[PDB]
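Before any questions on binding or motion, here is one chain by itself as structure tokens, the form deposited in one PDB entry.
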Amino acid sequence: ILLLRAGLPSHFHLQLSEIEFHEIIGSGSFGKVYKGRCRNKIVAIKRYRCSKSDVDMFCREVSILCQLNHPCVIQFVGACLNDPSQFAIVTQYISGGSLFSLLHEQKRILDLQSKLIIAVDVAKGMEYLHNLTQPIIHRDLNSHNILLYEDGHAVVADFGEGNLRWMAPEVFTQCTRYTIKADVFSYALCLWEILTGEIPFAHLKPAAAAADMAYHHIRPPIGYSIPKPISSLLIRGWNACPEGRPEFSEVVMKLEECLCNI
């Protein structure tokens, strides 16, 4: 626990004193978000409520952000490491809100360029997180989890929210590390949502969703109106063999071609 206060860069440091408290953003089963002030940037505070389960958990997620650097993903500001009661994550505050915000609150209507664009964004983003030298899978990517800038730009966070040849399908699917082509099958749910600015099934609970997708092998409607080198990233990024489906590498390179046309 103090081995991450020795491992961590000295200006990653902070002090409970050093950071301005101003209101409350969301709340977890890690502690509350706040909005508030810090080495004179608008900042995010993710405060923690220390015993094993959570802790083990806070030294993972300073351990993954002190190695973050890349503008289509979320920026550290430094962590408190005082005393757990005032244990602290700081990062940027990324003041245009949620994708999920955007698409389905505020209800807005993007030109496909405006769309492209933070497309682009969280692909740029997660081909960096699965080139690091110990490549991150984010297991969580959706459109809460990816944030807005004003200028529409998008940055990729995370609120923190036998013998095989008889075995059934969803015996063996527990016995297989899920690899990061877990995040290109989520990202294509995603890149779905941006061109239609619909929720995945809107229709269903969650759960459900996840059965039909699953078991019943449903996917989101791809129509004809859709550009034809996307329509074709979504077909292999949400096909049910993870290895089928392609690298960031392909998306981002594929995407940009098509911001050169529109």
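Between two forms, the rigid core is the largest collection of C-alphas that superpose within 1.5 Å. Residue numbers count along the first chain shown, from 1. First, how it differs from the form deposited in another entry.
- Just one of the listed positions, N82, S101, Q92, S114, moves its Cα by at least 2 Å between these two forms when the rigid core is held fixed, and it is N82.
- Superposition on the rigid core between these two forms places the CA atom of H70 less than 2 Å from its counterpart.
- Fitting the two forms on the rigid core leaves the C-alpha of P229 displaced by under 2 angstroms between these two forms.
- Relative to the superposed core, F201 undergoes a Cα shift smaller than 2 Å between these two forms.
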Contents of the next structure:
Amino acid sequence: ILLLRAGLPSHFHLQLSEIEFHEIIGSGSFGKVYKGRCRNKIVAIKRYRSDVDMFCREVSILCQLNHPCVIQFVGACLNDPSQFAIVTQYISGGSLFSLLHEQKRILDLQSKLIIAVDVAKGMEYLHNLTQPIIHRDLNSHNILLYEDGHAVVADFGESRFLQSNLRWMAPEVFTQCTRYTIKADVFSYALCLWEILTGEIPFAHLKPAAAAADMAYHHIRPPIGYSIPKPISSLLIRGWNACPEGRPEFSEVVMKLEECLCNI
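Write the structure block of the form deposited in another entry for the protein whose form deposited in one PDB entry appears above.
Here you get just the chain by itself.
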């Protein structure tokens, strides 16, 4: 916290008294997320309820980020653990999850791709920083939408910087010993991309742990209909390959989806 207070540029340093908390817009064990106001901006605030090290990491990551497909950091409060809070821009159009599954708004192909492309661009950005960042929690809740249908990647509370005998191991043990890479994000993305196209929650009929289990152990993936365009189904098939190294880099995901926009 002393190391952080020193390294984080001072313009980001916020006092809790500078923040006005309106509503709660999201929740969790970690803490709650309020809509509010700060330095004459409409903002979203994550407030916290090893906890120190989690918060110091998250700020260290957020303050690196500048890209129009990634949530815009505004500042944090670093006084003491009790005060701890994180502030970002607010985006009115709400989560992608809501759009698809609650409001059940029916989007056309162009609109869907724009979103897919924007998210891929944000991930590309993160993965190709000098010191790559893994989001590690990409989902339709953490894809937020501008009124005009563009999208940004949010919530870096699980994010980590990428760091710099097996013949008889059970697969799940072998997988524990292998440190995960930026490729984990691509797998999450793939599901998001299917979620967008179908309108459907992955394994909608299953509780989260069961769905994970099926993907992980029984190697199941959501159904790929014949009507899904080829270049996309390809990306899906590759993107959620159990073998991480077989998943495409986001730079290619972008390239392909932008092609589709040219042909849309």
